[PDB]
Each structure stands twice: as C-alpha cells, then as structure tokens.
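Undergrad: One-letter residues, chain by chain:
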Amino acid sequence: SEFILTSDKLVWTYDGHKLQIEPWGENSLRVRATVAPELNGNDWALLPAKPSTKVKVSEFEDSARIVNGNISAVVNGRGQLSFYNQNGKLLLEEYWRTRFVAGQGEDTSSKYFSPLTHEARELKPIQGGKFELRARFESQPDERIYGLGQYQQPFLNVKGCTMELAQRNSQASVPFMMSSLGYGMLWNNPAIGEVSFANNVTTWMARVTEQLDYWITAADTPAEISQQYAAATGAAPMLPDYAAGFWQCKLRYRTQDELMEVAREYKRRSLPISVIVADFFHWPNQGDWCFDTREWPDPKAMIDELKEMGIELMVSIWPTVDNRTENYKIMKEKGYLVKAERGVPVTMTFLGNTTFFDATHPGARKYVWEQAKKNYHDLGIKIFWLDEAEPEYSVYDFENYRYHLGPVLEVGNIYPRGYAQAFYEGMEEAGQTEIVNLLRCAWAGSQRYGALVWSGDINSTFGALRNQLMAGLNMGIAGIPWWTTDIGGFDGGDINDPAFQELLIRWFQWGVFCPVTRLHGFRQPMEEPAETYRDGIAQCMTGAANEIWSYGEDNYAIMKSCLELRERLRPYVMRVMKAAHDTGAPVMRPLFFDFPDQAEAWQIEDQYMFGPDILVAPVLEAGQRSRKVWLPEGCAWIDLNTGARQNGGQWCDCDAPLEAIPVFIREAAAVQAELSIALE
Amino acid sequence: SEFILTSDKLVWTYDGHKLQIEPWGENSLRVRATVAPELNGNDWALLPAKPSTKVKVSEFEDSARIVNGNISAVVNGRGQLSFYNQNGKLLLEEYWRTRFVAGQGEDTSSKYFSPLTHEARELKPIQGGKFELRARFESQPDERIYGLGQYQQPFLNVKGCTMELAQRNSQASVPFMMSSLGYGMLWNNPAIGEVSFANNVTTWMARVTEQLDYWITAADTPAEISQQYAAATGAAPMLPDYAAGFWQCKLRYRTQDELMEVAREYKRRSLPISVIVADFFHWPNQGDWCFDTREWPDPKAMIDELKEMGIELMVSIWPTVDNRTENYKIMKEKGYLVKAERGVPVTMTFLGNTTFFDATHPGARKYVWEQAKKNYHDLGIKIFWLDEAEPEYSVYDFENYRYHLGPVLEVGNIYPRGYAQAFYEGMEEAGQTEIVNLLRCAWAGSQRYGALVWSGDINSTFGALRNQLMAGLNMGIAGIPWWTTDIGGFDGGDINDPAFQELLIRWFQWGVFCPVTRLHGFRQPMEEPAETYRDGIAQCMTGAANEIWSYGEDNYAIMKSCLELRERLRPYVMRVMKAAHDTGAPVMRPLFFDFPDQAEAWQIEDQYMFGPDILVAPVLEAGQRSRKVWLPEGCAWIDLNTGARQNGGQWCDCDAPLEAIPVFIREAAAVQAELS
Amino acid sequence: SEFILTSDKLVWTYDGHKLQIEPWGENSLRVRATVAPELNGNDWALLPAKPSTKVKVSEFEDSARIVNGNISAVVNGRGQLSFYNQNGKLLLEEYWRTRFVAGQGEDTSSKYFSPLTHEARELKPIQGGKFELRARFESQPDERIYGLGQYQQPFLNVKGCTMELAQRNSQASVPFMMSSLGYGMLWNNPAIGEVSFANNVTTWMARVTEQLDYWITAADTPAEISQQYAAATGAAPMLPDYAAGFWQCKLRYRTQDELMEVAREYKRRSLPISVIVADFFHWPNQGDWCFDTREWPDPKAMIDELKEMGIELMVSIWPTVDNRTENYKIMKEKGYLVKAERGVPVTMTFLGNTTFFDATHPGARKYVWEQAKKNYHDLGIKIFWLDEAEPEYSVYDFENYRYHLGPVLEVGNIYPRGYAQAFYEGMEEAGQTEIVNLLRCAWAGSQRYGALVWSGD
Ligand SMILES: O[C@@H]1[C@@H](O)[C@@H](O)OC[C@H]1O
Ligand SMILES: O[C@@H]1[C@@H](O)[C@@H](O)OC[C@H]1O
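Top to bottom, those sequences are chains Z, L and F.
Every letter in the first sequence is one number past the one before it in this note's numbering, and letter 598, counting from 1, is 706.
Every letter in the second sequence is one number past the one before it in this note's numbering, and letter 190, counting from 1, is 261.
Every letter in the third sequence is one number past the one before it in this note's numbering, and letter 45, counting from 1, is 532.
To be clear, the hints were calculated from the coordinates, so they are not data collected in a lab.
Careful: at least some of the hints might be erroneous.
What the hints assert, rightly or not - Heads up, simulated SDA-like pairs for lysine to any residue below, C-alpha to C-alpha not over 25 Å straight-line:
1. F:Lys860 with F:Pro724
2. Z:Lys440 with F:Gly590
3. Z:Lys117 with Z:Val143
4. L:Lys437 with L:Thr504
5. F:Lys816 with Z:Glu110
6. Z:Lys442 with F:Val498
7. F:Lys816 with Z:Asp123
8. F:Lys816 with Z:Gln212
9. F:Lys816 with Z:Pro233
10. F:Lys853 with F:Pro771
11. Z:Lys162 with Z:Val143
12. Z:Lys126 with Z:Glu201
13. F:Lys853 with Z:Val143
14. F:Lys821 with Z:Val165
15. L:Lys89 with L:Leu161
16. L:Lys400 with F:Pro832
17. L:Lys125 with L:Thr169
18. L:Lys453 with L:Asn398
19. Z:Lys440 with F:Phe587
20. Z:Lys440 with Z:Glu478
21. F:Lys853 with F:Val833
22. L:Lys195 with L:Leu161
23. Z:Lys437 with F:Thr585
24. Z:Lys668 with Z:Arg678
25. Z:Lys232 with L:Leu110
26. Z:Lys440 with F:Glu546
27. L:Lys201 with L:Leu110
28. F:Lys821 with Z:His226
29. L:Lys338 with L:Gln327
30. Z:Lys232 with F:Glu619
31. Z:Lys440 with F:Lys611
32. L:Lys445 with L:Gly381
Excised from the complex, chain Z in its bound form:
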C-alpha cells in the first residue's frame, strides 16, 4: 500500500492498481483507476477543468484526504474510497466485501469484512484483450436518484431500477446522475454496460474498457449540482427564437406540393407555425443526402416561400449509406463507414442494405456534413433532423460492430454525440450562430452541440405518455435541457379513433409546457406507396394526416388554443432557455429543483416546473376529468384556467376537463402578465 501525494493530487497504488483522484472544477473531483502501466489520454465528455480554489491534500490515520471546496475524498490504507461534503456528511462510499485487501487483513469490526470477495474497483482482465469493469458502491437507505438520460419506464426516482448503458431507439444513455444526498456523478465512460441502483448495492459496469473514470461533484442544492455539471461537460448554447414556436411534422409529407399546402393552410387559418418538416425518404437513395427532384422539383423555391411565411424548413438526415450509392463507394474507400465484426457487411436492412457512417471518425463527420451543406444548408436550411442517431442497428448485437475509436462494446455510446457534433461544428464553421438540430439520441455533453433530443418511436398510449414525462425530466437532470416528444406518440394512433384523440389532446396540452412544442407521428390508417419499388429501390409509405384540423372541430378548437397559449409563452420560454445556457438548469424540471427543502418535492413524480414560474400537472389517464395537485410552499399560485388565487403549501382537487390540464403560475412572476387568464 503506497500513497503518492502532491499538494493537489492523490494517488494510491498496490499491485499495479493505480487510483488517481484530483480536482476537476469547483466542488468536484475526477476519479480514475487502471492496472495498465499508466492512465490513458481519454477524457471523453470532460472538458478541461478550470483551476481550483483552495485544494488541500492531507494524511491522517494511515489514510489520505483530498478536499476541493464542498467535496472531499478519503482513501484509507487498504485503498478504499469514500466521499463527504463540507459538513462531514457521507455522500458515497465504495462497496468492499473481502477478508484480505491491498496485502492486508480486513477489519472484522467493519461491514467490509466478508468471505464473498467483491472489490469496489473490479478491473477483470478479458483474455487477450482489455478489461471488464465493475464499480461497486454501497446503497443508502434514504437515497433518491435522478438523471441517467431517457428511459422508457414510469419512474422519476430510479433508486431500485437497473438501466442499460446502451443506445436504442427511444432510449438515450446520458450517464450523469443526481442524488438526494447532495452530490452528482458522471460515469465518464462510453462503453456498453449497465447501472443498477439496487437496494442492496450500486454497481456500474463496462463490458470493455481500459480504465475506471468518473466525475463527482457536491453542492447544497440541485441547481448548483446542475451548474457544476454544465461547467464540466459544456453549456447548452442559446436556443434560436424560432425553436420556441410550433413545429409541424408527420410521417410523411411525400412531395414539395404536399408540404407547402400544409404550410399555406396554417397561414390561411392564421395559426402559429415556426417550423415545418420534410421526414425521411424524400431522397433518391440512402446516403445521397439530397432532395429527390421527382417529388421535390424546386427546393430553393419552397425554402424561399417558407421564409416569406416566417417558417423554417427542417429536413430528415439518415446516417445510413446504401451500398448502391456513389457515396458508399467513396466512404468505403476512405474508411468512413462502421464495420461489422462478423457476417455480412450490412448494419441495417430498412428499405435497402445500408451501412452507418462512423460518427466517431472525424473524417466521416466532415464528409457527411459537407454533403448536407452542399445539398441542404447552402439552400437556406438551418435545422437538421438527425434521426437514427443511436444508431439503429437492425439487430442490437453491440459485440458485432466496430468504430474508428474501437469496438462498440468499448466506445459505442458516444456515437450520437459525434453525430450531433458533425452538424454543429459544420454549421458553426459555415457562419450559423444559433444552432439547434433534432437528435434522436445523446451521450454526456451532447447539449454543447445544440442537441434537441426527442424520445423516438414510442407507441401512442397513456402508458407511453407517463414514461415520456419521467424520461424528459430525467434528461434535464442529465444536462440535456432541449428535449421534446412526438405529440401523440409515434406509433398506433388512428386519426378517427376516440381513444387516440383523447390521448392526442392530453399529450398536446403537456406539449405546450415542454421545452419544444412539436407535433409528429406515424398516424393510421397508413398508405402503401403507389409503386413498391422504383429503379430497384424500395419506396417508403406514409401515415395519415397529422395537422391540428385533422381530428374534428372540437379537437381543432382545443389544439388551436394550445398553439395560441404556446405563442404567449414564447418570451418566457426564451428567458428559461437563456437560463439553461447561463446556469445548466433544465427547462422542464422536477419540483425539487425549485423547492429542494420541501419533502413533497422529492416524492411527487406527476407534476413538474416549466421554468421557475409555472407548475404543470399533466393528465396521464384516459377518461380522467379531475386530479389532485400539490402547490409548493413559499408563494401564492394563480390557476391558469380559473384565475383563482391559491396559497402555497396545500393540495387542491383540480378540475381537469378535456379542454385543459391543471396549470398554476407563480403569483407576480413576469409570465403572469404575459398570459391571458380567464375568470371562471
């Protein structure tokens, strides 16, 4: 057992195991461990640390301590690590269950004493290869845990849940967690694996990795933890003003004329609309990244007319390259494609045999961007829909694929970040200052590349709606403030069905109070294409209509008033977006973000704060026409739908007719005067 200490770094070593703990921003430490000769140069999501104020390394009781403001790490003589805040409260301790550790007998008075033989930093060597990593920590009885990204499950607090650390359609692993004990932790490792916050033990796992790497931070409030995390992995940029308005989309406007008729119809009805969208397969083949001139005869004319109308066009980008295209040949020559480890060299079989571009290859990123620049951005398109961003392998056999940076098992989760990066850096280089792209997935730090994330191809049910609410709130805690969904969900909504229409309205009403308000879906009844193939290329179907007038008159009136409300909220939304850019605060956030000292704020999962001034209580059940709403203590609240003033610190039994979900405004906030509050 040997400490190698300096005035601002704590190293411990035994039998080739090196543990290194150091400052990494105010109130924060980075922890790395390896059994390789040295630590490698991989920083993954961590940006360079701003030098720390008042770091102190010391020795006591055969241990070493490193303090960095509000956090301290204690490594004992057996190499066992625990973290404390400035008040001496335990935040996080390693889980050890051994009788012999670091060449020493374990202390029999400790819960660490056990014949089971579990290590807290298990770097299990893979034969012929690298290491399978398990980092074990003790569970704590009181601990509530948030963040981790976007998971399809009805749990805000994920203590007791196990999350796959992998990217799949409708899932985003963004492995920053925030704990009710007053710390946050980033698992700074893009390897395929798992995090289980089991009641009996916390275990983070990487299938293949070179070393343990995580970042841990402490503060007295959630807001400070979020700010410290944004300083560590990057701030969201400022949202462009157009992105706070209404986004109209469906699967799919098949032609220029079809898309333009929808846009004109919105303007004819004097309805708000800021973005309209050309979904996938508007192109000749996958990997061409251009409009098919047969269905889209004059894209610049479309874009020019849309600009007169005050509407931005977004276009679908797919990361797939079909093996019959010119770009396949060139990208294959240059090694810009992902590779199958075994079997046929095809990563996806949707409407052709395609291979994903390698978003971890800087050359590939630049190649794909410059195709998009030439064929889209140069025409005035300022938003890209970066779909299939995981990427969506036809079969998720992560072991069978390899990237520029290594096997998908080792580096796979960073793919969506690189995909976002390709377009952000490219667009910034082309002179665009405010950049937002719609990403289906993300990793830690994706926020810095202007990633507006949406929750993918979920089904159209109340079950899904509930899952999306939890996922979006957890995404915000994981540092992704720009987040949205397909209003109505993606799959299964028949436009004539009363059950789906009710879901649509509830989801739309929630959508008004999401970071971005975006209507999209694959509506039934679907329509097969006229011809199944053209030039040997399989043709893409479309769903039914998905405009706000497509669901009858009564529903149109509700959705129209939702659009008008969203317009009135735009100034507030932009203030909250600025605060996200400035402070790392999420836009939609759990009640505990704004009211951390109130017990109920840590228990309630079916309410949230849309910025600091608006309390939202969505309706998550079919048929429900009332619900209970807790009003936080510390201010009075104005009921948006009735104008009644309610004191904080009580439960209200709120009416929830089909026409409105319960929403309350913080009394005397600037947003109160910006809204029209009717008296009923």
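Could you slot chains L and F with the ligands onto chain Z? The hints should help.
TA: Leaving out everything else, chains L and F with the ligands in the frame of chain Z:
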C-alpha cells in the same frame, strides 16, 4: 406461430423456439423453452410429479390456455405468456418490448410495443457453444418478494434487490422465491448468473445453459406455497432428537484431550450438551479424511466416553484433496476431481495445494463417502460437518472450473446439493435413519439430503446479526427449514472485550429460538501453532476458548439459563420439525407465514415466528434495553419473561434487559405450559 | 484504392487498411499494416535505421514501387505486394485468393482469382478486442528456409515444417528466417502464434496483435543477409576470453565445499577449466537471490580462491518469486510480478508456489538486477545463469497470463529478451565490459544483450 395441444400439455413454437407448459404437482406448472431440436432430460431440483387429475388445456381466439387447479397459463398468438390464479387475478406476466415478434407486428395499444427489442425468453447463442439465457417478467408496484436462499444483506423483502446466482462462503443460492401476489417460483437451473427484482423489470439470467426451465405454483396462502414447493423438490426428513439440544464448537479443539476436557466440564457442571465438534485440520493432510493419531491417539475411546455422557461427536469434513496424498493419486486416476480450465491444476491454496472432489460425479461422491465411512462412521460418528460446501475456490473465477456435469458456469450451483447427497445417501445405505449433516451451502432441494445449513464465516458484529436474521428467514422461505448460525458470529470476537460479550449474549438469546442452537466461532486472541510446518505440511492455528464459562460469571449465568430454556423448548421444536417434514413449513418464519391477512406481518423484518406459537423480537443493537414489539391480531399473547397477558393487534414497548429478549407465547398453546 | 507517396515512403490504403513500406537499413524494407486509425509506436526488435540515400519511389499504370538497393517492393492497385531483387528475380509474393479485393474485381488470368476469399494481410477483429493476424505468402517450389530459432526437430531446412511462435523449455522462437531465394525476413511481432512453411502456402500467424510488422532484406550471399540482420536488431558484443574455455557444471553442486573440491581437483590434474557453476536451489528460497549460508558459508572466499585458480564462478538465477519471501511482498506492492488472468495467482508450483518477475516491466528488471548485484555481482561474480527464461509456466496456457506490456498472447515471446536485458544493462551500468550470461531462451535481438543460449532440458 403454432400450438401443439394435448389434454395435459401446451406447446407453442416459432422458428425453432419451443415453449412447453405442463402440470407439475397440484396448483403448479413447469415451463420450459429451447431453440435446440428438443428439450433435454435435465430435471435438476424437480422430483417426478404426482399426476394432476384436474388439468385442462383450451384454445380461444388466437390464444391457448392450460389450467392446473389454482394456476393457469395463457399464451397468446405471439407466444407471450402470463399467469393467473383461480379468481382470474394476474400473478405474473412476461416482459416483451418489441415491434415484431413471432413473425407478427406487435400490438401498438400494448406496453409490449417498443423499438428497444427485448424478448421475455432470450436464448442468446454463445459462439461455438450453448446459450446465455435471460428470462424477463414485468415488475409490479405492489409486489413483495422473499426466499432466494441466504444473502448477506439487511433485507427480508428483496423487491428492488439483485442477487447473484452463485455459491460463495456465507452465501447460498437456493432460487425459490415467494411473492406477496400469491405465487412461488423455482428457477430450476443451476447455472451461474443473477436474479434482479428491479423496480422496472424482473430479470433472471443464466451465463451458460441449454434451455429455460422454471416451476411456478399458486395458492391463497404462503403455507400452501411452501407445501407445494416441498412436494416439488423434496421434504426435509425428520430431525433426530439430539439435533434439538446444544451444539458446542470452536475453532478449534486441537487434540482429543482438549475436546474431552470441555465435554467433561459441561458434565461436571450438569449443563445441557447434545453435540460436541472437532473442527478442521484434525487430520494428517487434506484428503486423508481421518484423525491424526499424534493429536487424537484413540478416537474410538473419545466417542465411547462421549456416548456414556450422552453426547454425539460431529467431525469436520473438507472436500479438498492435497496433491501429496494417496487419495489424490487414486482420485486423479479415476477422474473424481474438479478441473481447472486453465493454469495450474489447483483449486485452493489454504495450507496446501488442493483440488476439490467433484460432488456432481456419482463415483466421486461414493469414493469420498466410503473414506468417511471407514475412518469415522464405522467408529460411531453419525454427524458430519460438510464445510467448504460451495466450494470455496481461492479465487471465484467460475469460468475457470469444470465439473463432471459440465462447466461451472452451466452447472456450478448444484455442487453443495451433491456434497450433502454424498453423505446422506451413504449414511442411509449404512442403515442410519433421521440423518442430519451441517452444510455450509445449499441449492434447491438440499433439504431432502438432511442439510442443516449455517451462514458461514461472517464477522462478529451487530450488523452481521441483523443480516443473519434476514438470511435465515429467507432460507426457510426457500425450503431450507434446518438452518443456524455461529452464535456470536465467526470472525473478530475477543473473549475479554465487553462489547463482544454483549453481542454474544444477544446472539445466544436469538440462537435459543433458531432451528438449531449452536455455539461456534474463531475467537480472539488467536494462537499460532507452535510449529508452522510438520513433515512439510502447514499447521493450522486455533482461536481462544468458546465455552459458556469462558466469558465471566455474569455471562455464564445468562447462557446457562439459555441452555435450560432451550431444553424446555425441545418438545415444541420436535413438533415444529415434524411439521416442516409433513408440510414444508419453515421452522423460523416471517410474520406473514402465520398471519398473511395482516398488513403489518408483510412489513416487519425484525420479528419472526418460531413455529406457530412463539413470537420472537431479537435485540439487534448494542446498548439497547427496550424495543417496540408488534403483537399480531387474533390471539392473546403471554410474555415469556413476566407471564403477563397482552391482547393481539397492538404495539407494545417491551423491556429488553441484557438478561432477556422480548418473546411472546400464543395463549393456550401447548408450549405455554411447557415453558413455565 | 489510393497511394500516398513521398520520396522515401510508399503507403497504400483502402477502407481503413493502411499498408506502409519504407527503407530500414541498406538493401532492406520495413512492412507494416493496420486497420487502426494509425500505426502504433512499437518497434519491438528493430533498432533505428541508418538513413538510405538512394531510395526510389515511383508509380506506374495503377501500381506503385519502392526500391532500396538490392530489394524492391511492388504494390499493385489492389494493394497486393511482391518483392524483387536487383536482378528482377522474385523473392517473396503475397498469397491472395479472391474474386473481389480493394473494391475491384480480381484478374481472372491470375492465380489470385478464386472464390475461396483468402487475404494476404488478414487482420481479423477479435470481438471487444484487438486483431488475429494471418500474413500469407505464396510458397515457391525450390525454396529452402533456415533460421527461426531453436526447435527440437531433425530438420535444418524447415520448408514443409510448421513452428510454434512460443517459448517453452528447450524451444526458442527467434523469428528471423533466411531463404535460399536470396532474402531474409524478420517477423517483428512478439505475439503467440505460428509460422507454417507449408508446400502449398506460407502463413505467419499472431493470436493477438495491433498491427502487421515485418522487416525484409535482400543480398547475393547468406553472409550479407546475416550482416544486414545484425545491423537491424543489434550486433553480438565481443565475447570475454574466459567464455571460450571449458565450463564445468552439473545438477547440482549442493555446497561450497563440494564445488571447490571439483575446482581444485581440476587444477590438481592440470586440466583446463575456465568456468565452474553453482546450479539452482543454492538459495534459502526462490526470490531471495542470495547464497544460503548454511551450505555456502563464505561466498567471497570461494570467489577469491577460484580467481587465484583462473576460474570464473557462474550462479543460477531463477525468475521465480515464492510467495513467502520478502521480495514477493515488495514486488507485489510495486506491480513487478506476472499476473494470472484467472484462477490461483501462481505461475509455477516447482518446490513452492511462485510467481515470475515481469521481465517486460522496466522497474521489475531493475529490481531483480539490483538484488543480484547486492548479493552476487558485488562479490565478484561476472556470469549469471538466467534459467527458466521462457518463462517455464507449469502449464503453458498462454491465454491465462498477462505482462506489463499486455497479455502474453500479444507480447509473450519478448520475455527472454527482457530477462537478458535486465542483467546486461545492469552489469554494463556497474562498469563490466564484455558481458556474457547463459540464457535458456531468446527472441529477435537477444544477441545484443550478451545472450549465450543453451537448448534446455
Ligand atoms: O420519427 C421517426 C423516426 O424515429 C424514424 O423512424 O424515421 C421516421 C420518423 O417519422
Ligand atoms: O466455521 C469455519 C468454517 O466456515 C471454515 O472456515 O473452517 C473452519 C470453521 O471454524
């Protein structure tokens, strides 16, 4: 998608996947699934089923259904399975998250619709080999889960916990679970893996296996579930009388004279003592399985004097075979040893380079038994301490070891069952009835081989005591009624330390109300052997004394009264042991076993029932001199220590002086008269 | 298909596969290939090359060519490589059997056209890991092949033989071959593997590696090839004069008295004797690296008398460290031991449970040297018997052991070179010139560390 239905069997198939559901005892079904050409012949823990008269297989719309009494299974046209009780209530449903399944689009109105692509029955092919199995089930927000064996954790209800399906010192995987929703389930698969009862999904995993195999049972009460499980995997036999008395042990009586002096001191003071124990390294070398005559000059004379005193001798058995022994040579010739897949052919390095005998090899079982028969059983020893039963690899690299029945990844967890079987079958064939052996580990069905399990080499702390209460209760739920601990814990207790002495008293008081009352440990200050080596063989140390007079007179009086109390309890213990044999009920039970209709019985984890008539509320903290005790509704309760009558259905603040823990007797139960 | 050419380097690339060919000494080329982003910094046995002044790089038709004195490499537009001497004679040709390669159809008039689909440079990805390498070359009907090291087989010419690229007691993989066609080739890769010079195809194999790396040289005579190889991997030093005399040894002189009785009896009979040897287990325990004073009560007096007699003492060094020793404890603390990947942490069980010192770890080399220096070299011992140099695992499960430089599968064969290096560098640092140590095993370049190899048990 194709159903193949008969009068008593449901089969579903698509793309080589075969799902087979059939009756397996009353109110029970066996579920199997494979992508191999056919199901194999491995039954593992399941005994032959008594034929069910009431089985009914039906087809309706696109689905098929099989009912066996109080359980039914429905399989839809997409091969997705859920279970219901006789009232039609959901017990358990598979977890599917796909857009396409069984050649069909998934229903978009169902929570099963998802692009994530998780199957409920994932048989993932291992390249060049067999399958990595994951069986996924939906979680339920109100589901509380018990059993699974013996885990070193402070949780009775294990909903939210993840348990490793592996055997290590102080852990036993016995993978039967009982749910508060009204079903029990056996994972009938000995593969290394894991069970995660996570809030978001339940996942059972097997690292290497040929097929999915589980057994599920339904009843309106826990008692019926326990009974149905015992019919599935085997009844505990009848406990022999002598096992209900006091078992005296320490690490370690180094000589015949040392052991005999302790027994003589117990008799000199007219104290109860039923079993005395010779711990490990009383032998010349590992794999000799005999007394070393230098320290044990006349074993027959020891056993005869102990018999005159009314005491049975138990002896340590280690499954290790040192490579310098004659038995290593012969066992190596016959192929009766465990094999390392890679590296030096050594499985443990404790006091020698040893290799474990293969408890899954029927020949090796017979060989080891016949050695123990010749050197011990023929002398009159009739209890064996089957230690290191996991077995305790120096390094738990399960992938690096192989048994007769296959790689340890595929079959490893059945080792302790085979180890118990070797001795139980051997002793039965030698004419012994009512067999009991002290096993350190178990698998499903170990109870049928007379396995008294103890919780291994835990530390001597109050934290450990708390874990042991939970583990023992969960072992009973998993069908292991004969269970015990080292009173005082194993490791770290200094006999002169007041703090340890307090723990010892609290643990002893609890041990009186355990299925077996057994004093053991490795007490400080330890003593190194005089000679480190003798004939090149590393010599084993000892701990300090561990007799009831070794901790002063005040503690002596307390433990003496504990032994006298245990003797008065013996007829009740034998009644509860017979009930365990007859009905599969545990001996130490969670409150919900006897009071399943009462909410508090499913919440309280620091009280339990010692049989149906005694409520026990252990003191689990240093310095504590009182505690809250919930008294179940439906009977009056008699305070064991005051004789006071208390009505059921209330919380009482109970006196808990150092000299007694709170214990209550069901009013008018036969044991009331027996105890005062 | 793309060539990236400079005046002294040929690079070809397609789909991330990079092939790099460059001069590496007179009449010699280095060949490397990888599918990683770039070539790594591992040179293994190759010393830095003296600059070649007349190197000529050209492109013609769809091909490219690099000439360096007596050798030239030609790479066609499909990335297929062949070597020629100054007379235009074919030396070595890659083995390809495909219908489609480097994005192009294969030529149907060539023996390379085949549905079999074998590549000459097969970097087969290991799932979650690195690469399994096979480098295939055409066999040639009258090629005779020599070198490769020390194999227990009655064949000087090894055309038609298959040699394991692994170290075992009585075997040494030193993977430099000399062909009768007039070239030499070093497989500059320490991975566990195989070289088969089969009549139908030549295949070099590496179980685990990051990249292909070999060195190839051409000349009109063997003597020139041997000279060019010594310039590439290092010259043997000058042998000390005592090493040409008679070395007397047995298993084993157990005591100081027994050894000295033999030495004196050689002198009493007026017989020549230059070296006498103390074999293994003259020490208290494995990893102590000192005389046991019970059997060897005054080592200084022994060495001084042998010096008067004109005799050098050599002593047995074992690389094993028994787990009861003080050096085990310290070497474990510092990470200076070889590690088992699975199972008991024991690499050899001969007369105790021992773990090998990691001869690929620079710190461990220095640690073991300094023990031998304190206990042997400071007393006047000038020769070390570096036994068990493979090292001799009780079980040769190469997949189950890992070194400082990586898994034994990737780097294992360089261990005996590091073991030699530890003592050579240490003795040189202590002021000794003309160093010779008795090594049981070797890799390419072991000669530069004064390695007198013997053929084992
Ligand atoms: O949102 C959808 C996206 O997730 C993908 O499946 O491509 C079509 C889009 O409509
Ligand atoms: O209980 C102990 C057992 O678990 C093992 O370690 O052998 C010695 C016994 O005292």
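Undergrad: Hint by hint, which ones does the structure fall short of?
TA: Violated hints (numbers, rising): 11, 17, 22, 25; every other hint is consistent with the structure.
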